[PDB]
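Chemist: Residues per chain, in single letters:
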Amino acid sequence: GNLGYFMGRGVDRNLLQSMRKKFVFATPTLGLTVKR
Amino acid sequence: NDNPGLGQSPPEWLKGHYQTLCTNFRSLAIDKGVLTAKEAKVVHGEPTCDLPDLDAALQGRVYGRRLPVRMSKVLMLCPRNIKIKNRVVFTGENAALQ
Amino acid sequence: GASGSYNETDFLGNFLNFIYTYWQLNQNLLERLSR
Amino acid sequence: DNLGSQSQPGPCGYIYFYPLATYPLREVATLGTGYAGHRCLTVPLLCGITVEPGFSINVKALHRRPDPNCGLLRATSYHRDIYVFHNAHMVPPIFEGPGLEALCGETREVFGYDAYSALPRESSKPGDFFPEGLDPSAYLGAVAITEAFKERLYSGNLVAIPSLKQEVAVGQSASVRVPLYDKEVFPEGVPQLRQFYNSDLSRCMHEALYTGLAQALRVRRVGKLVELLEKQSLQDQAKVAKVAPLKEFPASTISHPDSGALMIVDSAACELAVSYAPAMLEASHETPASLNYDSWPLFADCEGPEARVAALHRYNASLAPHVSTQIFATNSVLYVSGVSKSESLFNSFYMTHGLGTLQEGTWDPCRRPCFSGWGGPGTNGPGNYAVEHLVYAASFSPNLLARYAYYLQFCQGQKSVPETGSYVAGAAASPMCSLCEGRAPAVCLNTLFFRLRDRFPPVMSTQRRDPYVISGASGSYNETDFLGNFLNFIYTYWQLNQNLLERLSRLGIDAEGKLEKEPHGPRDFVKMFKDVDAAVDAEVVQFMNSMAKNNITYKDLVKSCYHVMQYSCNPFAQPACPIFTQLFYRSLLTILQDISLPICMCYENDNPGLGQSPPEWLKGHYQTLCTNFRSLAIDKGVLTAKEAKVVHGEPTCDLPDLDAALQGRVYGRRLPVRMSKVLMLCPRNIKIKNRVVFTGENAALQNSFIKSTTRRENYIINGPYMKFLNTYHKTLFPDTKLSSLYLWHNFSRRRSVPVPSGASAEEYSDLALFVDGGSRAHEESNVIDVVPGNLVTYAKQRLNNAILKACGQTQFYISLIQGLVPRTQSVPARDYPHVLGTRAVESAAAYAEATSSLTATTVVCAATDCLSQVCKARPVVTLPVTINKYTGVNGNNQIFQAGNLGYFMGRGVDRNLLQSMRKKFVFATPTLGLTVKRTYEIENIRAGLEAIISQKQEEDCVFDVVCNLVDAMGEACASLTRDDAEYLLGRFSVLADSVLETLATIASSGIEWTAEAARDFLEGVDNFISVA
Amino acid sequence: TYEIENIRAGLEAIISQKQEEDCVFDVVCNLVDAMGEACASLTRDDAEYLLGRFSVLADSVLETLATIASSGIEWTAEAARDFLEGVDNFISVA
DNA sequence: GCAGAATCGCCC
DNA sequence: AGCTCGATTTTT
Ligand SMILES: [Zn+2]
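Chains as they are written, first to last, in the authors' numbering: chain A, 933 to 949, 963 to 981; chain B, 639 to 736; chain C, 492 to 510, 525 to 540; chain D, 9 to 350, 356 to 390, 394 to 432, 437 to 510, 525 to 949, 963 to 981, 988 to 1074, 1083 to 1089; chain E, 988 to 1074, 1083 to 1089.
The set of hints was computed from the structure by calculation and includes no laboratory data.
A portion of the hints provided could be inaccurate.
Think about it this way: if two alpha-carbon atoms lie no more than 25 Å apart in a straight line, the pair counts; the simulated DSS-like pairs of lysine-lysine are [what the hints assert, rightly or not]:
hint, chain 1, residue 1, chain 2, residue 2
1, D, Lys593, D, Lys757
2, B, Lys670, D, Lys676
3, A, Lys966, B, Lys676
4, D, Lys247, D, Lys676
5, A, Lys967, B, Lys723
6, D, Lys771, E, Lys1005
7, B, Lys676, D, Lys670
8, B, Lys653, D, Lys711
9, D, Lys723, D, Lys966
10, D, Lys906, D, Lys741
11, D, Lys757, D, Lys967
12, A, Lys966, B, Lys723
All chains should be built: construct the whole structure from the sequences, respecting the hints.
Modeler: See below:
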């Protein structure tokens, strides 16, 4: 399962223009729903 | 490719082949680099267990019985993870990418 | 969806994850930075 | 691309006709299965004696015309055996003993086996299948058949077309062939009597081919096995279950707590062997160089027919130990009794052996009574192996039994008894013999049986997990030097051994350890060894430097090394004997069953029997089980095979008009063609493994492997030099009365040595100290349990003891494999009564008189100390195997297999086996120099000069170059020109003027041209500043 | 056991005990006792098996049996001794 | 009585 | 528009 690219210009402004940089969206759960 | 369609519709072709194709999938999909899962047998220890008398409970009367019990299914397929990979180093070998 | 417990996402990924390990090397550096 | 795609269109088989006036009838009889009174026999397929040179063993067979304008093609190889059916009485028998056909018939009935049942038609008359004008009385007739259509030959469903005759040379003899086609090439039909049938041929195939395949599956109904193999070939039934109804089970399986699961696993293993073995046998095969009879090296010194027949008899004696091992061994493939259940989980089902089990009554797949059993019977007495057990081993076939008896006639007797001549004139001549009536007492099968009596195995009824014994040709790549497959690829261990043989060549020693110059005396004997020790110790350094600079983990790679042998899966690679057809086919069927056992167990654990009979359970499950087997049996550590697609290039091909040819008219047509099957499963090798290093981890085993260090008294006589000290005894101690053993044992206890009458004392004091020193150094360092017979084995032992020390392997002996190699010898015939023939014998005095002038050929086996040189000669092999099954590593859940080398059972097999964990045996006969064939001087002068100049340091080289030229050319140096000198000096051609100026001083000073005089003249006839 | 195992055991029992004398005549007498006239054609492959651990002795045994065969005495242990027993420098080492 | 092993190819 | 990779467990 190789990590790929997002399609569509509406997804996020940080994706608006590469081989050598890829992106993931992440939200943490420690300190929200699970205790440290 | 080994068992061609020969103008059959998919429901006709699956009638003969699908039971074999299930066993190929279980052998070739799991632990081969994306999906991991563990097979297990499920067992119950006691030959009877403490349960409500469902015939009395349907008529509004509540009391216990030690009903004889057994499993209707024994095999379980516990899923674990799907694995995502990304290569770190470009080695210069593919001359179109450099 | 939810992520699993064991992710390898430092700069060299799964390099020397088991056999000192790259995980131990990063723990050593954080201890020096604590001093 | 592949050998199947490349094969040409052709017929389903051929009838060959050979002229009786010129054909070599006594030669073919030595390779045949002829018994006295035969009407048919088998012979091998060979170019230049049974088929013409350039015979194609692979073909596309034209087998069906769906209509008169379309052909279908099946890709198939030929069957290995040829069946000789017309005028067969003209071929001599291989064995002279009478009465075998009735003995086979009686014994087949008591074991409950199916006899051949003839068709209601007569056999085809000669005028139906002979070419036009040939006389049937003048020719010998035989069939060659393709592996896919041999059941159609048996069942009378082929058509012969005499108008399509072809004239062919078979050795010297002007021969003819006629093609065979399946009756399905005639869609409008041909009359039932126009088809080809011979009842003696079909009966011969029933007994010599199909009955042994039925025995390998534990089936009694042979005719029903032939019918289901035919329909599997013609109607594509490979994924349909078919043998389960014919199965039968013993009381140990019926009484078992897991009996329902055992009956399903035993049945499914047999179904899979019947699906896959015919497919692999029909596949396209490579053509070996051993298939060409006129290039066989064994004939090279022969003059005339008698010398050629005597050379074939010596060839047969070299194969006999393979055949007699399969009779004498309790765990022979011929005595496999079925499947039983316990061992670890994947080993819990296993193959069993025992003749006692094979005599018992049985039950059918629905638990009803089936065969009722046999109570047993002779001269070997009650409960012991009898002549009926030998008839059972030979598949109740008089053809096979005759060739087994011929091989047993080479074996020595081993008494645990009347003298041979008082047995032959006495009880062998009794009118009570059911074979000879007493009228052929010296050759009778009961006389041969009486002679070999104490070598036959015991009769067993137990269910233990033992290895089974297999026979056949070896593959191309065997790894059987002392560390096996250690560093086979990446320098490699193969390259290291090639480097050592090159150093030993510079010392005057060849690859078999023969010297170009034998040692003259004590100094020369010490000098010979010190040079080999220095040459080995130099190569250890260059090797250890390579392992170091590359950071290779050689110290852990030693722990996991194995010996490896390849068992070949090509039927044409086997030796030219019809018994090896049965041994190969039964070895393959047994290995496919043993591989399938855990695959069937795991599928049945997921899909339980629930009181179903195996034929009911297989009806739903078998198609899925075929696909599991194909995925899990191949490339998992024992069996290798390659799948391929077969394609034909042209849309039409040049073929005869078969409708015109049936009416006698011959002309060509371009018939449209397509393949009837596309998939082919090409078999490659079965792989046998043995572990080299014991690591001390299993604490129960250590006492078998542990290395002692204390100073023994036997250290010289059990040391590395004793065989050489014996070989050279008459040169070391001229005319001494002492044995070499006593001389060196006296030295080992009294510290004294004898000095010959004119020889010098201190020279012998040095010889003694060399022997003492090296023997104590060997006692300390050695972990290879061998006393070496030749300088190559001595050198290779020294080398491998060095590598094991660098790996820290010092506490234990390593495992060894030893080869047992046949040696053929002529002996006085006194105890070998078969040399007298069918002769009547009237008294013991006449037996003694008639044998007094006669000799018999016999065979014994000798132990080699060096299996790897035997494996270079592409040997025929016999060995024991167990197939062990285990889980993968690193969390994997798949099953992997190893075929592990085991042990022989039964005290009659070979005297070298009579008493280990740490030594195992294989029987081997080489084929190079039997059936397969094995610079300018100015280049050698040039190489020897570049070898001097590249090494000479701290001295000027011109005198040592001039001496090498005067040695190699002598007086011819006196006119050596500059153009010749520059060529000989090679890279160093700048030296030429100084060489020629030096040679002129030898020429003009008037000394003779020899290296001794050159030094005596030259050696009779500076400022140096240092630079920054 | 086979009789060839018992001959082999009896020879290893002699050779492992015989001290301060050369053993070839006592081995040859035990063979002539156990095999008689059949010694006259004893091959090197048979002799090496019977000598067991001490198979190095085989050439000297066969050279000795040829002298009994060619001298025309009968094959018995009494005659073998009567022929053989009718038909040195030594430096010490540190 | 009589080890243990994830496997394929490559062939100098 | 957007590498190549025989795979599993181990688990800090
Ligand atoms: Zn008889």
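Chemist: Could you tell me which of the hints above the structure violates, numbers in ascending order?
Modeler: Hints 1, 3 and 10 not satisfied by this model.
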